[PDB]
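J.: Read off the chains here:
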Amino acid sequence: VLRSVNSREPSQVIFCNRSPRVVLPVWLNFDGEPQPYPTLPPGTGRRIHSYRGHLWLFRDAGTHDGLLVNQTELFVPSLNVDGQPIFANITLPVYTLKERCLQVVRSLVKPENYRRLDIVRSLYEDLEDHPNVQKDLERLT
Amino acid sequence: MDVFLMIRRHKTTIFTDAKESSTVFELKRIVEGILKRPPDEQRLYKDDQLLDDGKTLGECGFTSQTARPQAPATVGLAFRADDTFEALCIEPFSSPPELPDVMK
Amino acid sequence: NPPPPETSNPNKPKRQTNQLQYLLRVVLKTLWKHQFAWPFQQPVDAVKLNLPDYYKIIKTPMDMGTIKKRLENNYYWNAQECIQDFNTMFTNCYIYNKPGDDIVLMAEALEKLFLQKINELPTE
Amino acid sequence: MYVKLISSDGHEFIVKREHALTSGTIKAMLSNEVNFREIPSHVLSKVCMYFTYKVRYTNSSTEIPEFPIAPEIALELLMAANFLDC
Ligand SMILES: Cc1cc([C@H](C(=O)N2C[C@H](O)C[C@H]2C(=O)N[C@@H](CC(=O)NCCCCNC(=O)C[C@@H]2N=C(c3ccc(Cl)cc3)c3c(sc(C)c3C)-n3c(C)nnc32)c2ccc(-c3scnc3C)cc2)C(C)C)on1
Numbered sequence: 062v063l064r065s066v067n068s069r070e071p072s073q074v075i076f077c078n079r080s081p082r083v084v085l086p087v088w089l090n091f092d093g094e095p096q097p098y099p100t101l102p103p104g105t106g107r108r109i110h111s112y113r114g115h116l117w118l119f120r121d122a123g124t125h126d127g128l129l130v131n132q133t134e135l136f137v138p139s140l141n142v143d144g145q146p147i148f149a150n151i152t153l154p155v156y157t158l159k160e161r162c163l164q165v166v167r168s169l170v171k172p173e174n175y176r177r178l179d180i181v182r183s184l185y186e187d188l189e190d191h192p193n194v195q196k197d198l199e200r201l202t
Numbered sequence: 001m002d003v004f005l006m007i008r009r010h011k012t013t014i015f016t017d018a019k020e021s022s023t024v025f026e027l028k029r030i031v032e033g034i035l036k037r038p039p040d041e042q043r044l045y046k047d048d049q050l051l052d053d054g055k056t057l058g059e060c061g062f063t064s065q066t067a068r069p070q071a072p073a074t075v076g077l078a079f080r081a082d083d084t085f086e087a088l089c090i091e092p093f094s095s096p097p098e099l100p101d102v103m104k
Numbered sequence: 044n045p046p047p048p049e050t051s052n053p054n055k056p057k058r059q060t061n062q063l064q065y066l067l068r069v070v071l072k073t074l075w076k077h078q079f080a081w082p083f084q085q086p087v088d089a090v091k092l093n094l095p096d097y098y099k100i101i102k103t104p105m106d107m108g109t110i111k112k113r114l115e116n117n118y119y120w121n122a123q124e125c126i127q128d129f130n131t132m133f134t135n136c137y138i139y140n141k142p143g144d145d146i147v148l149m150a151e152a153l154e155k156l157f158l159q160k161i162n163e164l165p166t167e
Numbered sequence: 017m018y019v020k021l022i023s024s025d026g027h028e029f030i031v032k033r034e035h036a037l038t039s040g041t042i043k044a045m046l047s058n059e060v061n062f063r064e065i066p067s068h069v070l071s072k073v074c075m076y077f078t079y080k081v082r083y084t085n086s087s088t089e090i091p092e093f094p095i096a097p098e099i100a101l102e103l104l105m106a107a108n109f110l111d112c
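Chains as they are written, first to last, in PDB author numbering: chain C, 62 to 202; chain A, 1 to 104; chain D, 44 to 167; chain B, 17 to 47, 58 to 112.
Within a straight-line C-alpha distance of at most 25 Å, the following computed DSS-like cross-link-like pairs (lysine-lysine) qualify:
no., chain 1, residue 1, chain 2, residue 2
1, C, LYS159, B, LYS80
2, A, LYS19, B, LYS20
3, B, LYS20, C, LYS159
4, B, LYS32, C, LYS159
5, A, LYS19, B, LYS80
6, C, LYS196, D, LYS76
7, D, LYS76, C, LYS171
8, D, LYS155, D, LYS76
9, A, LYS36, B, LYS20
10, A, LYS104, C, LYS159
11, A, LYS104, D, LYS160
12, A, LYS11, B, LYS32
13, A, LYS11, B, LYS20
14, C, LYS171, D, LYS72
15, A, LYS46, B, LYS20
16, A, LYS19, B, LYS32
17, A, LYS46, B, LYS32
18, C, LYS171, D, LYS160
The calculated label-pair distances, taken between Cβ atoms and stated as ranges, are:
no., chain 1, residue 1, chain 2, residue 2, range
19, A, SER21, C, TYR112, 48 to 58 Å
20, A, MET1, C, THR105, 22 to 32 Å
21, A, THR56, C, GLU94, 53 to 63 Å
Honestly, the hints are just simulated from the structure, not real lab data. Note that CB positions come from ideal geometry on N, CA and C, so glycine has one too.
With the hints as extra help, turn the sequences into a complete structure.
T.: Structure below.
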């Protein structure tokens, strides 16, 4: 369901990273497969030659946390109206405090040491449920 | 420009916002609405420095970049105690445990 | 596209060492699963990519699929022979593409990772 | 329109009721004052900061900043967020 359309109709896009995270732009190819592109440091942007119908999602390059582009999950550019480029504003979602806490613990604790933490059993399953493109793609459908 | 604050006295902490253009007096009015003591019965502080009522929060050093929602600036509060103002006294919060070895 | 590089040769001596096993099970496996691996896991499809001059300019093409198949077939004599193949794959990219093309940045990230892993190669 | 949230160690935290309703647990409890015998003040002050952040940055503009969490408070904060449902 979720793939790029092979249009070959060029479309200039501005990726702009307005998050404190390093962004991994992920291009979904013609078979729905994720093909990551060079990262964007926080506060930086890049013009890119993309195409009409091409579908992109944006992840934290170090944790695979989902990010937002134009206040949503996916980005598909239209044809440039009078050559003007199409803007992709990447931002942090307002994560829940519990998801933000899971992110921080995951960044400090190796996955094999989750079960050594003095927390409730249900929090082990939550730590081990790492954020992940394939998991999120099935839900988006 | 909104400034996010923690007005603290003893074991009381008020979380409240205000403009940079708002005055120290206007902040005392906030405190009176919650803790039922008038502005003349209050003394506001940035660190150990007593703030003047007619100064704007911005003039006191409270900016948006330094008084954020996720990291609010602290304004110390001292109430009147009989013939004198009580000493500014903010009771510190609890301490986190020692960082586990599985994290460090 | 011309035939890809050979990944097994009756006339080339086959060999297994602990360094060549580490290069397959640790180095290649880590780099193969890397986020920037995808343009380098198979021979450059000059037809689909519309690059005529690619195989004219690049006389020794190399890719991670060829290296993986070679490692798996015990093609290499020693670790250096395998490391030369990775270097050729990267060098090909730096030669053909201009600086600061997206592909060059991806190769630079893979190479930085590759050198780190290779810095912990256990001795013969 | 405020609520008082009292930590296990006796610190009182006075926040807007609207902000404290960020917690699904507090919202259900109030369905004035709330005592938390298991949540200490270093953790509850941080939860209150998250309430302000959530209300300010929910749908309110572009450029959301990171909620910062020190390693020392992370596990206790995670347990509190899980209980408070925010
Ligand atoms: C039609 C159509 C085209 C497309 C796709 C397409 O174009 N897409 C998909 C998305 O919509 C984005 C867009 C895209 O990649 N645009 C890229 C193309 C690019 O940079 N290529 C390198 C130039 C050298 C040109 N020479 C080469 O192609 C070299 C070759 N490049 C690559 C390569 C290049 C870039 C990247 Cl990020 C990854 C791999 C490559 C391989 S093998 C392999 C499997 C590939 C694809 N490779 C190796 C190894 N060594 N060299 C290469 C792009 C990015 C930025 C810019 C601009 S505009 C102003 N500043 C910049 C930097 C302009 C173009 C297509 C990629 C399937 O879809 N439909």
